[PDB]
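Read the single chain below, which is given as structure tokens and is the form solved without adenosine-5'-triphosphate (ATP).
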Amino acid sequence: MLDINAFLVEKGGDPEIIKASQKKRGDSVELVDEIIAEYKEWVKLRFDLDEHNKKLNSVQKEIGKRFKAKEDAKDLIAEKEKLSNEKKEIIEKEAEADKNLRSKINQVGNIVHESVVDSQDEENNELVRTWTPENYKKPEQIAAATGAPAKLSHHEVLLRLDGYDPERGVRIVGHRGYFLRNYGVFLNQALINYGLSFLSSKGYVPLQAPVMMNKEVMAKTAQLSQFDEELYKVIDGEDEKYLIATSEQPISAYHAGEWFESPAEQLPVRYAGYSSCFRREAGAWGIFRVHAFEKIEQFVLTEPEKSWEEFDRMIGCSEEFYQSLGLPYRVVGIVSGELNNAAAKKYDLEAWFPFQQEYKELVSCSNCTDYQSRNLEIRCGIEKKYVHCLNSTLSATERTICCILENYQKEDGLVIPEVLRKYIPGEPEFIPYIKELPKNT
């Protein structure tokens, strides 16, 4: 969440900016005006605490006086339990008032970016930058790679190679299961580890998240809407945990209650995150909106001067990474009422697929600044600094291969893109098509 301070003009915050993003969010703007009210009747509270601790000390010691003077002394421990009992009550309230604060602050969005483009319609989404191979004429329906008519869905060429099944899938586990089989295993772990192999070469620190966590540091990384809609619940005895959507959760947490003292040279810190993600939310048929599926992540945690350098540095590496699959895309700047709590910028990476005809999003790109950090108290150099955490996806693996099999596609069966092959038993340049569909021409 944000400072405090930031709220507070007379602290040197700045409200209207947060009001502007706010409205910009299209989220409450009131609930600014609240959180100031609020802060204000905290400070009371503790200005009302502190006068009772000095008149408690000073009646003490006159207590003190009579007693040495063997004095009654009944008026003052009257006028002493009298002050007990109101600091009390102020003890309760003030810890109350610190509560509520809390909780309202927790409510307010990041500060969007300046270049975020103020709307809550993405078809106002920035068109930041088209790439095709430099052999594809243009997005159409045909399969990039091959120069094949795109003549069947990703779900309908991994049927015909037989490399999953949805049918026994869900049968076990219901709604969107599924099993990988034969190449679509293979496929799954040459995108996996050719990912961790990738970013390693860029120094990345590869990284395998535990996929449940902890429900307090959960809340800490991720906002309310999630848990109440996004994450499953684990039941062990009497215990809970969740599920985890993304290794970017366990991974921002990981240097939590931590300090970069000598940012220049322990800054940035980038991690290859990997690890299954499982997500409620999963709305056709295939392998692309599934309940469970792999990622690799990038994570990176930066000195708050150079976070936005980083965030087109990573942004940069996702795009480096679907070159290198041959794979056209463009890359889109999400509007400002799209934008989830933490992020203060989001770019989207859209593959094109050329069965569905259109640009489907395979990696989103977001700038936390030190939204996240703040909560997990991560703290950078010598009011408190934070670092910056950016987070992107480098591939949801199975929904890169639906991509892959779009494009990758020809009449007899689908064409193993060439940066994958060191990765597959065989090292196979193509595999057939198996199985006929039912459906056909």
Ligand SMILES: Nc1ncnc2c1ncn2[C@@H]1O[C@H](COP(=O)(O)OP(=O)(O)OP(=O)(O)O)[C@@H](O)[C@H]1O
The other form holds:
2 protein chains.
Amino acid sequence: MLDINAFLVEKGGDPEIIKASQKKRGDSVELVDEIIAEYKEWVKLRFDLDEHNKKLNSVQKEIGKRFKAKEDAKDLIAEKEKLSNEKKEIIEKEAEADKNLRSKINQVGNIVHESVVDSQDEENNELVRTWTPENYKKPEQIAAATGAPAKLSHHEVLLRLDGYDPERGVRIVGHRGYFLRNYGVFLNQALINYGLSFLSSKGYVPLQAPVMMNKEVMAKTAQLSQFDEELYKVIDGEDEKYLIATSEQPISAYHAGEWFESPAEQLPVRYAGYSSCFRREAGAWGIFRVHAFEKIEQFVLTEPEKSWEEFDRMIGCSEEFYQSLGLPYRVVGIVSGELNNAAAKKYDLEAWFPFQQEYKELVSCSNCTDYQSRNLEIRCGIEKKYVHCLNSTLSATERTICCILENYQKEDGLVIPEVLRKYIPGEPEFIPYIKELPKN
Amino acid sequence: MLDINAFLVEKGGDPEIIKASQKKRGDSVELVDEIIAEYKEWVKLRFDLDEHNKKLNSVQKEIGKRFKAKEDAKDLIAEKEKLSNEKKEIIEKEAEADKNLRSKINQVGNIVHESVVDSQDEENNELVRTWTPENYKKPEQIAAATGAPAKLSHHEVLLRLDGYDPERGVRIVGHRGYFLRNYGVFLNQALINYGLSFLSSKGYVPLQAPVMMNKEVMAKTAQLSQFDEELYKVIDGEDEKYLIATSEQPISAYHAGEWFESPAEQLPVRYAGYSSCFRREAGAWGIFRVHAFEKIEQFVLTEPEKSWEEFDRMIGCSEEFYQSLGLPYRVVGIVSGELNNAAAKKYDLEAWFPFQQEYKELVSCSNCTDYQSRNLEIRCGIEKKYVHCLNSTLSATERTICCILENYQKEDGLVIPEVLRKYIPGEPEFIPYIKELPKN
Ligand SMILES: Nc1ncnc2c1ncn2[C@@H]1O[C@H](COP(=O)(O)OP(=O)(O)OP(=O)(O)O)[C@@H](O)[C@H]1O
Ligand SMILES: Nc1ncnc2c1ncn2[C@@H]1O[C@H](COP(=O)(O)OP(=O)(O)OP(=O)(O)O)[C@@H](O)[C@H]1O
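Cool, the form solved without adenosine-5'-triphosphate (ATP) is there; where's the form solved in complex with adenosine-5'-triphosphate (ATP)?
Next comes the full complex, this chain leading.
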């Protein structure tokens, strides 16, 4: 969440910037004034509590003097108990005020960076840049790597290669369940390992996250809307955990409660996160939008003064990555009304799917400034100063496979993207269609 | 489960072999006579039901004749309703008899193969064979690949390499939670990919299983004892699934309801299963016994007449695999009293851990004959004949890493097992200790 002081003009805050940000988000603006009011009540309680402390101390010292003089203290004792019963109420109320104030500040989204388009309609997404392999004229229904007609959808290509099994997958696990088979397995591992190797050559530290999280730690890194809709709950006898939606959740908590006291030399810290990811929400056919999948994720901690530069570095890496796979794409600046609570700025890389004949999102890159690190108490250098946290998909591997399948197809099978060959037993340059489709 | 006919002498069965098997297992023997009795009640109900069918038909035809002659039928109608009310009770009872009989047969373990030692004490495990790399004198506290003193435990080696993080893992996920870091990540992927490549060169089909299963399909492949103790339940809004304990569960269901009608040409089918695995039960320090981990699993379907030969083939593969990693091991024949319900025979490969100074299980290999395929209706050729199912771990990768860490350690770091090098960015032959331990 934002700092409490950001709401308070008297403590150097700017409640107006916050109201403007809420408006760009399409979220509640009255929430800011509510918070400011609650803050004053809470301060009143702090003062009253504090004055009660001092009055009790006094009335204690007078009661001691009277017991010294061997004099009755029935009147002082009565006042001591009056003050004390009050201190009790006050204590109970201050705690409830603190509790509600924190819950309210928790609903306020991060400050939307000025560079972001003010809009609730994705039509207005900034078109940041576009990229094409040089042997590919323009985005159309042509598979970019082969020049061949993008005749088959990713689901169709995968099936002809005998690379996956949705039919047996659904019978066994339900909606969108699947097995990967043969080269479907090798392509998936190829991406995981190429992704790890790629990021690691850029100084990222490979980091395999666990895929369950304690409820309480999850709650500090993901918004209220996520649990009761997106996350699988896991039953552990009597305990509950969540399956993670992305390794960004557990990896963001990695340095919770730590302190980069010498930021210049210690930061930035860069992680090449790898894990499976689980989503309750996933709806066509194929492995494009499914309930379980693997993701190589970029996660970075930087000094506050360096995050925007890092943000550019990060999207740069994902671009360099898709270029290396020869996949055309565009980068778009997500409109304010579509940012999640933690993001001050978000870019998506959407790669071209030539059969679908549209750009579809493969990568999402966000500067979350100190919104999560504040919660997680991840401090930075020498009111309190936290690190900034950025996260950017490197590759959601099953979805990246889909894009590959459509762009690497040709009449008789699939060209294997050059960079992935060394990761595949036999380093094949090409694999043939094994199966005919029913349709035709 | 076993065939119902296996309990019935009159239908060619051998209830005595079954009682003997239950005794070797240490499970209930009276259960066999119970089943035989229930079977007779059920047959009585079938006959009564059948006789009621015929009597109703008759009384129907007499009632029609009377309505033709325009004669009163108050006496026949009364008998029709008597017979009919009875047919109702009978129907309700036959269903309940069928239900209980099936539940009872479901508790009876597979027939323990004669070659298995009859005993409830693992002390009596058959010592099948032993193997040592030739440069390694004998199993002792010496790291087998380097000749160096096995001075550090796997947990200690991993930590000095900065290859994992149990401390941050526990904070985030709880008991035994961990991240893999750096080379810990690369070693894990190295094993997954080497395992896939190894099995695939032997004609196994790589197959990545999903890690959730519908309750109902899980129940057909795993015993009663497993759910209410070993398996994580997953909450999907209102639905429930399980996280799998091993890819053998979903892969065994892969061909549920199918029919290998030309077994000679169609079988055997061999799968190199890969998935993560989740276990509620996991307890020292380290990644040896944890709640989540990866496993390359061998799964094979064969004709009944070929399973024992295949069984030897399968354990042969895991042995060849550990030999290639240079890890000393022994193969042991698990005593009857320790077989799970589905196994007729089980071999474990236990690799030498030179710091622990003991053999610890890395691989488990079981011929389950047709015990599961009967449930899953996986038929074989031209009373009903099913395929046999065998499963054998190729590598539980985190645990295999532990064995490697202890055997590949030396004074200043870890030798990287030769076969894994090509799977690791930079193909290092050696990696240095990065961290000192507190202890010393
Ligand atoms: N259900 C899914 N199945 C497969 N891959 C997915 C799924 N959901 C997301 N991904 C992959 O993860 C990447 C980012 O997903 P995530 O939800 O973290 O991004 P986001 O910030 O929510 O972006 P958006 O809101 O546009 O989805 C996507 O580019 C996509 O490739
Ligand atoms: N909790 C765990 N953490 C890590 N690896 C495990 C765990 N449990 C099992 N394994 C690995 O899986 C392999 C087989 O485990 P599984 O439970 O399927 O075998 P099993 O037939 O039950 O043998 P046993 O009863 O001796 O454990 C083992 O050899 C071990 O390497």
